[PDB]
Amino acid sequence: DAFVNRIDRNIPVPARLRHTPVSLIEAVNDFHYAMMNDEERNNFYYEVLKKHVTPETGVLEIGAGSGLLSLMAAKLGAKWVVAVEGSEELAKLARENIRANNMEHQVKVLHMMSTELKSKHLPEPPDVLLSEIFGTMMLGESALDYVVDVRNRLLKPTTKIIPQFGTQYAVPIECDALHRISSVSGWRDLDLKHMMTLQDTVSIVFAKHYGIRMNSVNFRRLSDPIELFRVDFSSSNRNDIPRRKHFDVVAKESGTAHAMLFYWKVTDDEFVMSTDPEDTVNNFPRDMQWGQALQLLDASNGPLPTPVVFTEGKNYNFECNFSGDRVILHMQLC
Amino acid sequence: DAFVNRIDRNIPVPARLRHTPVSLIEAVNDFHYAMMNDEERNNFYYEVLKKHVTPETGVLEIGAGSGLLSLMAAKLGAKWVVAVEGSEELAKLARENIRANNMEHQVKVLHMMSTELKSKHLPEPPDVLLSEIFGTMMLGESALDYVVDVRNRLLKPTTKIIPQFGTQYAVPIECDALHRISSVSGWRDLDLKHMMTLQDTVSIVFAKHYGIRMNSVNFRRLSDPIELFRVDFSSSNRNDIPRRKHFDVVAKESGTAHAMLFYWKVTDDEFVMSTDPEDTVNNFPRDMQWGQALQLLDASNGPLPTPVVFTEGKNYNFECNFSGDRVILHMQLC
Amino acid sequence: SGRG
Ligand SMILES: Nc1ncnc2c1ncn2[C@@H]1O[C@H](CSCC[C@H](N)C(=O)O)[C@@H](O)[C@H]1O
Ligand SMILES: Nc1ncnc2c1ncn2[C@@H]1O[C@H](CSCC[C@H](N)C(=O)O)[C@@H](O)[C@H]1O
């Protein structure tokens, strides 16, 4: 779906853009730059890889993008590095970056999805599997499913999977700024409350999509964090996460729970990659590429949504329902 | 196309949302709430209407939405108000709000596009035509087009059109925050420059889509504002705006023009509705519903984008190309 | 708007 065919004819389009897929341009310009400029994400990968990469170790990377993580493994002295990348253009660009860094003899980039990758494409099973395909929801880009496919077919029992652990969290919040742009009551004496019939209390929406950064606005956490699930990328699979779980939450503050905020932490040994707003205060790129997810809360199913109200010390039961692929979930007060 | 049809079976959807089209839910949840809580925008319409509405005046509104502006006209004592709303479900909701405010005798809502509105649908030609269908780009939702059509067919020579004037502005800006998420150099000694090939220096992108509020980040304006065009809604036509215009811009500061920032001003009598960041520092909801638009600036058409660099006192020539309907435009340094 |  060429970019130039999606643009009015009176508007100039430079040659470098004309024939590239519009969806690729959109994705790259929304988060790839932010992602590449997340210095702490880059440092996380470098430090974990530094512990495992020796001149004898082969490295397989799922989802090369710019080739940065592949370049890191080679920089660290890896025997060989194979990176796979589903986008034809990104694969070209990753090879250009590789040559620009003089690592052409060390890193091969294959244009294909990791599901199409077969043992004949690698010299031997890799000593290290490397990926960064986490979404705003941790499993939002099907990270576990892709790692699982590769794990079943191409690895060996001694392969190191980076990163090793991930945990997804939820916490109910009061947030006046969010409330202000997701609800209405009226203007002066004019009642407009029937617009509330359409309030979307089902979807998971990324904070970026609201045009809001959580670190930048005032919000109150109304309970301790709720651990929705935990994954070990070397042994878990998506069906280990139950389709429906229940959580009993004790209110530590009084207030209105406007939304559930979702964030996650990924770890390997002592190193941590977190999207908790409290950890990203001075990481603007991370907030722009991952940020956090939100779900507006409705207390019942009346013709109008009902505010979820917390009183400190009371218990509140939430039912968590997952989609079939575990990419989407929903939290409902019971 | 119903909401429930796009959602995983395991996720509960309240009855109020089930059948409503996913496009309606998305638009309402993204912009409508912020819009209705734009208190200055509401005040603007009330104060302008207050100058023209008498017990004798008939009022037609294009784009009823929640019904707010039609309710205002009724509150000021209009003889009759007809509003047209193209969304079927929104039309129903407006009627609900109209009933909740006991104004069923004064306001009627018709479900249809204004282009299908005919004189037989009105008591008589209105003394006042009212609309708020401005986008982030002033003409981004075809405001001039819809008003002109109604102006050709349904009004009378003494009909007051609200609002009367609009002016679209552009100003080159340096913004490090924007630069950090729209460009890449590399990480440490790893060069990633070739990802720059896909930098989207063509599209008009809303600040909100970048996850940024212009008010909340440091940016420098590098010249005086550039007036792209002005409109009088009672006499202007689409073709008043040339398909192409040239602007000679004088650098008032030295710096890198990372982007062109676009904002507008709509006026009627002494009253003003502006999207200039300076004017919306204390209006979060406006910044979320309208905000500003941005276009990243490329100097030439080589394999990689070239920075536009301003030297103070020097002048720079831009070619502005508009789309056929004037909804889209593009600023290119010559 | 970020990732997923
Ligand atoms: N299963 C898969 N197989 C091959 N490529 C994949 C994939 N899943 C996602 N991708 C691609 O991998 C990239 C993930 S984002 C790029 C991350 C990369 N490690 C970096 O730091 O630059 C995207 O460009 C996407 O197109
Ligand atoms: N030409 C047209 N004819 C009928 N409805 C239109 C229209 N153009 C836009 N709309 C509708 O008008 C609404 C504009 S949003 C403005 C809502 C309302 N005037 C208020 O001030 O709150 C949208 O709901 C959209 O569905």
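Positions refer to the first chain, counted from 1. We call the rigid core the largest set of C-alpha positions that still match within 1.5 Å between the two forms. First, how it differs from the form deposited without its partner chain.
- Both residue 89 and residue 141 are carried by the same rigid part as the chain changes shape between the two forms.
- Domain rotation between the two forms: smaller rigid part turned by 14 degrees relative to the larger, from C-alpha superpositions.
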Second form
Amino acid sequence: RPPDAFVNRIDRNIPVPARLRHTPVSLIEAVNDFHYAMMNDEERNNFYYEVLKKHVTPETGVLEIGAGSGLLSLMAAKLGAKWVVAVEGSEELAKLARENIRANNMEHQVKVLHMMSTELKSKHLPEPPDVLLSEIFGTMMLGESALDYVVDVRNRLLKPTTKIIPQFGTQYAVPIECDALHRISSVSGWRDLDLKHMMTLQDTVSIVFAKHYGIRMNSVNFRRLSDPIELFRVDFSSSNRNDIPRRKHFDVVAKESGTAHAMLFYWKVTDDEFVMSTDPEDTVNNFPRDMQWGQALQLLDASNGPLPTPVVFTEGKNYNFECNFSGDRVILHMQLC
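Next up, the form deposited without its partner chain in place of the form solved in complex with its partner chain?
No partners, no molecules, just the chain.
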């Protein structure tokens, strides 16, 4: 009986079926919160299948960072890989991956190791892999430290001819007007009652996932006020942290007049002709993707006064933004200068 069995925190008058009772709550939460949505992103699954298909042969050894359900590792095995090893940091997700492997009679082909990729050593593998596979992207592309984890494996366990899937990733930002977002992130007053003091607290610093607001970008009216800003691009086979500056400046030309309530962040990952994008334009008919990755938002303050100042764009004018990054390049912030 696990100390964190699901049944423990449920009220004793509420029924819990046997299949859930003694399962750790953390696993039920991970699968219900994330994994069903991931597995229903058919375009994501197809992207990985098509890219793997270009590379996997009976002679190809495949290493995956982050087994999860085991789906992508199962794909590599389906495609006839020589061997597949997947690392998974979560003990319970590792067990679950093994169950899915068992269900598809592939225990002889796919091995799941419970460990973080940082702890993986050459002795844990039959030989250096021909393919390195991962899907550890966040709502922000590098949100789950994809670059750092791939770099660590790339430095230590691969060989010169190893194909890293996926190869490329680009993080974008675009200033947007969005009245729905504005109405849940600001206030002025109610009739003759002044509530402007509430604005002193407006969080124009944090990156917040659209999901956290309760919003799906594809389901509200918003306007992109400029062409997309490429914040940075990485090649997972060659890039390092220092390929991304700690501070960058961008000249943003307004294509539309309006209020830039927020910066909208989305990304695009590619490998040869195949593309995995979180641009709302590309996810109108991909509800599971909008639920699993969605997009991120940072509210914009034009200045540093006692109250936030709206960022107002006039068509045809230039707007300079300073982008600051954390050391690991995971956290960023856009400030009008």
